[PDB]
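**Q** Here's the letter readout for the chains.
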Amino acid sequence: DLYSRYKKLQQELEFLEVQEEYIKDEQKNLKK
Amino acid sequence: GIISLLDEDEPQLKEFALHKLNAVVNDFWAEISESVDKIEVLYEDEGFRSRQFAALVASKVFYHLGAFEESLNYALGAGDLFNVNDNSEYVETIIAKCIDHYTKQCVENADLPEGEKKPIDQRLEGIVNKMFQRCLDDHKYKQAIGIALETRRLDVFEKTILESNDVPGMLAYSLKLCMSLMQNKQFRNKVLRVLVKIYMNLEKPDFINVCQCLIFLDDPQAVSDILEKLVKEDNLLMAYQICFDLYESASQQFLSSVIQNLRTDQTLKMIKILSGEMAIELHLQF
Amino acid sequence: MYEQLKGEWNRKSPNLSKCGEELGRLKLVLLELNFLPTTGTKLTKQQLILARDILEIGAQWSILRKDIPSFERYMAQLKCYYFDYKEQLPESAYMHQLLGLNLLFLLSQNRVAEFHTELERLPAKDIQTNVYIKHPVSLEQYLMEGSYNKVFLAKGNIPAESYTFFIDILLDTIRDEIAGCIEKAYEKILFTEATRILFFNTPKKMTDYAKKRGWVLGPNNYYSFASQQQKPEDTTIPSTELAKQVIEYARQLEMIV
Amino acid sequence: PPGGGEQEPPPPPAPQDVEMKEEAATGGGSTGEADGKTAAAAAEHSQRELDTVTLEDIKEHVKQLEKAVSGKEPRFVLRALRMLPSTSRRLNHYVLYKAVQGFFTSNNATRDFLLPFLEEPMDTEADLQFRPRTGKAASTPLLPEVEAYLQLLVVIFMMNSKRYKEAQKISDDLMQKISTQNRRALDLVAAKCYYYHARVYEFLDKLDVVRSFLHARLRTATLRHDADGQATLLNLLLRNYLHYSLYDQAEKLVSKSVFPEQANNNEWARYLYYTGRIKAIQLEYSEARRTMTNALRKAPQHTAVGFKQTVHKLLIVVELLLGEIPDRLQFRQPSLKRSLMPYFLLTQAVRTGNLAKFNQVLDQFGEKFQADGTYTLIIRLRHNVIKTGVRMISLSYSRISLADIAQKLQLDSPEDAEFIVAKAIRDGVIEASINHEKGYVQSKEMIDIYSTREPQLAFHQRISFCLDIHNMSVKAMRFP
Amino acid sequence: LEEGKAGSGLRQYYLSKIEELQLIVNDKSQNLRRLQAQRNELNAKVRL
Amino acid sequence: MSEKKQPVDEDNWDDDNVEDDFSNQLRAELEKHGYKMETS
Amino acid sequence: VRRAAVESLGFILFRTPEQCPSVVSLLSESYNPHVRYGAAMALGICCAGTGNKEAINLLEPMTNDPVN
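Those sequence lines, one after another, are chains V, U, Z, R, X, Y and W. Read left to right, the first sequence gives residues 39 to 70 (the deposited numbering). Read left to right, the second sequence gives residues 7 to 270, 320 to 341 (the deposited numbering). Read left to right, the third sequence gives residues 1 to 257 (the deposited numbering). Read left to right, the fourth sequence gives residues 18 to 497 (the deposited numbering). Read left to right, the fifth sequence gives residues 11 to 58 (the deposited numbering). Read left to right, the sixth sequence gives residues 1 to 9, 40 to 70 (the deposited numbering). Read left to right, the seventh sequence gives residues 614 to 681 (the deposited numbering).
Hints may be right or wrong, so weigh each one.
[Stated by the list, open to error] As a list, the in silico DSS-like pairs of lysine-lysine whose alpha-carbon atoms are at most 27 Å apart: (1) U:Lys182 to U:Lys210; (2) V:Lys46 to X:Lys38; (3) U:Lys165 to U:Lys110; (4) Z:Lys45 to Z:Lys125; (5) Z:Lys27 to Z:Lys79; (6) U:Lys148 to U:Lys191; (7) Z:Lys79 to U:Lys20; (8) R:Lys315 to Y:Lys5; (9) V:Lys45 to R:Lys194; (10) Z:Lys86 to Z:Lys125; (11) U:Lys110 to U:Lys148; (12) Z:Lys27 to U:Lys44; (13) R:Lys269 to Z:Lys86; (14) X:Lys15 to U:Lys165.
Rather than coming from a laboratory, the hints here were simulated on the basis of the structure.
Please work from the sequences and hints to get the whole structure.
**A** This is how it looks when you write it as structure tokens:
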């Protein structure tokens with residue numbers, strides 16, 4: 039129940055930080 | 007105004023001065039914020055009669071200031087006078103950081119097994135089995151097993167599965183956990199092989215256990231033992247099914263390794328189906 | 001138990017052993033039960049009547065012997081007893097001069113910000129009556145505008161007890177401040193200016209400020225040197241930190257998208 | 018009954034429709050943002066809160082007979098909404114009972130049966146997931162329960178029904194509010210209850226029991242995290258201790274909780290009023306009068322409200338404690354006519370050198386000073402009666418002799434006038450210096466490096482403030 | 011209270027912990043799709 | 001928006047700027063301002 | 614090597630196929646065709662045999678590209 043919800047919220051949080059890091063690079067790349 | 011009582015130098019006034027400390031520490035917060043050095047004084051005496059209590063009310067006042075480690079380090083010096091009190095919103099917040107400090111400590115300690123680890127308090131597991139005493143009162147052991155996976159300690163993982171008798175399937179549910187959200191593989195086998203210890207202490211073997219464990223643990227002698235057990239109590243129903251599942255799941259050189267452990320009837324039956332020839336031509340037949 | 005409410009109060013108190021009996025009296029009352037909840041029950045307020053009275057006479061014997069950390073210790077516990085949440089206790093006739101002792105002590109040690117916020121708990125006693133409290137607030141009003149001399153001419157009028165152990169400190173912390181004004185670049189004067197400004201014509205006070213301060217009498221002329229510093233300046237000192245500030249300008253323009 | 022009884026049908030007609038659709042749209046839209054887009058700060062939560070301050074307090078006080086607000090209690094007496102059939106059947110109960118109360122007379126509670134008509138709202142299979150619906154639609158009948166103003170035996174019904182709500186409030190806190198966080202509503206719910214709960218404990222014994230609760234209430238706030246929680250509870254906790262005329266201010270000096278950090282332009286303006294009064298009573302006049310100025314110019318957006326006239330009331334006193342005074346009565350009101358006459362005539366006597374008028378109007382208008390709670394001016398502004406002129410002279414003149422300032426301050430003595438000038442420069446009233454060699458009192462130097470060195474120490478804040486506007490703009494930009 | 015003493019002891023630890031873990035995942039998704047559309051503008055410039 | 005702290009609140043049309051600067055100093059401006067000249 | 618980066622997404626994420634349309638949503642809209650190529654195979658190997666209709670929504674402009 040609750041331990042599985044806490045692990046998945048750990049996973050999804052560290053997931054969309056990485057896809058946040060991708061858009062940081064591309065918007066920096068498209069300026070050049 | 008009772009800091010004036012803390013100025014005087016006899017012990018029987020101190021214990022009535024500190025009894026009035028935690029009585030009104032929730033309402034007179036910042037008055038003690040200047041008398042911090044007086045308490046951390048009164049704390050350093052080894053001849054003082056209630057020095058462990060001084061670590062309690064210091065942990066109360068740093069909890070107001072937000073100095074969370076100062077409440078933590080004085081909860082370490084609090085003795086049993088802290089954890090004997092358990093029904094509060096205060097006590098659960100600074101054992102929350104205590105579990106948080108401890109579970110990031112052991113992940114760091116799992117990186118260096120060769121000595122050089124840290125000295126560790128023991129009331130942090132005195133609240134673990136106390137939480138197990140709550141789980142004894144709860145019947146719900148799914149919550150104490152959660153920290154037991156997180157704390158990287160496996161004898162309490164064995165103690166909570168050799169608990170008061172309520173299902174073997176709860177342990178199977180825990181075993182799923184090892185298929186979905188288990189991240190590391192270094193201690194995964196240790197969790198995955200302490201499950202098959204209690205399975206050999208259990209009366210019925212499963213299918214999904216050896217379908218998960220022993221292909222992630224590659225012990226060919228272990229499945230040759232437990233299927234010889236399934237031969238021994240004359241159970242050719244489920245030994246017949248796990249060979250077809252092993253022939254579908256596992257890889258080369260492990261079927262070759264276990265078939266050496268076969269010869270280390321029903322024996323010639325499991326020669327032919329662990330070679331797995333007959334499953335192919337019926338699959339060719341369809 | 002019930003130890004000498006007026007034992008050596010009226011005539012004299014040269015005691016040191018009754019000070020230990022008063023010390024034991026503190027070990028009696030504050031070990032009976034407590035004084036913290038104070039719900040009702042005039043019977044358990046009866047020791048609260050005596051706990052006030054033994055700390056009043058404890059504050060009387062404290063100023064009788066001039067103990068500075070003790071006098072604030074007894075007065076805080078007395079003020080904590082007028083910090084009673086359920087105050088049905090009847091007016092002890094020593095309260096107005098007891099607060100006047102606190103009002104004069106806390107004026108003397110330069111707690112002037114603590115002085116005026118102390119005056120909030122007095123509703124109307126400052127104006128109607130109560131010369132025990134009216135005298136230090138008339139004193140602080142004399143310190144307000146420019147009036148040093150009205151303080152020292154009201155020195156010979158205290159309607160209360162002697163107040164001398166506070167006002168010796170109160171005027172000494174006035175004298176060094178005017179001395180702190182004259183220890184500036186105000187170079188030289190004669191003893192008659194130390195008679196006019198400071199006070200007192202021909203007392204060993206000129207010996208007092210010859211040894212504490214400087215003020216050597218030359219050829220009928222004092223001497224006070226220049227206390228003015230050199231003021232070292234460069235005014236290009238912030239060249240590092242101004243170069244820091246412009247960095248986080250462009251750091252907060254770029255890099256955070 | 019032919020005069021007023023025939024004008025009884027128009028009252029119900031409207032407010033049974035458009036005032037009913039207020040919380041129907043509010044309760045629907047708050048549920049819509051509690052479910053999806055769980056960051057639900059930007060909804061009608063704010064405007065209904067502006068309405069529950071303004072609209073529904075004066076939309077109705079009594080329960081508005083012929084079943085406009087009288088019907089609200091038998092309407093919401095039967096609320097399950099538990100499962101999807103228990104929602105759709107209660108949606109039929111939203112159809113049937115509003116038709117009955119629009120037609121006929123339903124169960125009219127006679128102002129004392131309102132609490133059993135707050136039992137079956139809490140009962141009758143009420144939910145925990147609809148915790149905005151329980152929290153809002155219980156607190157919103159408490160304002161007809163308090164603003165009936167009869168104040169007899171409903172005061173204990175005030176006391177019961179708030180602790181009914183606050184038991185639900187605490188249990189929701191110890192109930193793990195998943196993705197709604199009612200604290201955005203429960204802050205001013207904790208305010209609106211404790212404005213009149215402070216009144217109740219003024220009509221009965223003291224409200225330190227509220228502060229012992231509110232200390233624990235401020236503890237569970239912001240240890241979770243702050244969403245307006247630290248901001249509201251701090252001005253609530255500060256107000257009683259300022260209301261008590263005991264010592265009470267060094268308690269606030271050591272109150273190191275000085276970060277609400279955002280307040281939606283309304284808590285911060287009154288928070289700066291309270292702490293400006295605190296720094297004024299410990300005699301720090303410079304920092305007080307500038308944050309009292311900041312409080313006056315931050316949220317004046319009202320129509321002659323009075324607390325704006327109260328922050329304007331204290332601001333002129335501390336400026337008379339430092340000499341300057343602007344035009345005050347240029348925004349005169351039908352009620353400011355009462356409160357302009359003492360203070361305008363006060364600074365009239367301060368600017369002149371008259372003290373007999375200053376003592377006369379103290380005696381004339383001291384009882385008005387009793388209503389304003391400002392006794393302390395007579396003991397601390399008689400300082401600046403002599404110090405206003407020496408601030409005025411030292412700003413006018415540049416290099417004055419002390420022999421001439423004695424007649425100009427009409428002191429008739431040069432020997433103590435040194436000490437008044439010494440005290441003012443000690444207090445930093447004027448920055449000037451004295452030549453104690455032949456009697457010169459000269460002012461400061463010319464306009465300094467102000468053209469060269471200073472202005473970047475003003476420019477650094479304006480860079481940092483304006484790009485944070487650019488930062489707070491860009492971050493909150495795209496919701497779709 | 012078999013469950014009631016433990017819902018505050020061994021479940022209140024988890025469900026209070028997942029609260030802020032739910033808030034930040036809610037927070038970054040508003041931040042992410044904002045970053046998405048800002049990149050779609052600059053790619054629409056350069057490709058054109 | 002009630003904030004619970006508000007329970008109380040050329041005739042003189044631009045008067046206070048004139049009055050804060052000059053109050054009542056013989057405003058006919060001749061009997062001393064124009065009549066210094068008897069001294070000299 | 615940039616392709617073998619964006620081709621390796623399905624090998625590490627095929628167990629949870631729901632995250633794969635969200636992360637390759639803008640990987641399919643780069644400027645070079647090589648990243649867009651391995652983006653297309655990443656939809657093919659993360660989601661094995663699902664009737665996704667979200668990846669199929671992504672593949673419809675992918676089969677209507679200027680580059681062959």
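**Q** Any hints this thing doesn't respect? Which numbers, in order?
**A** none
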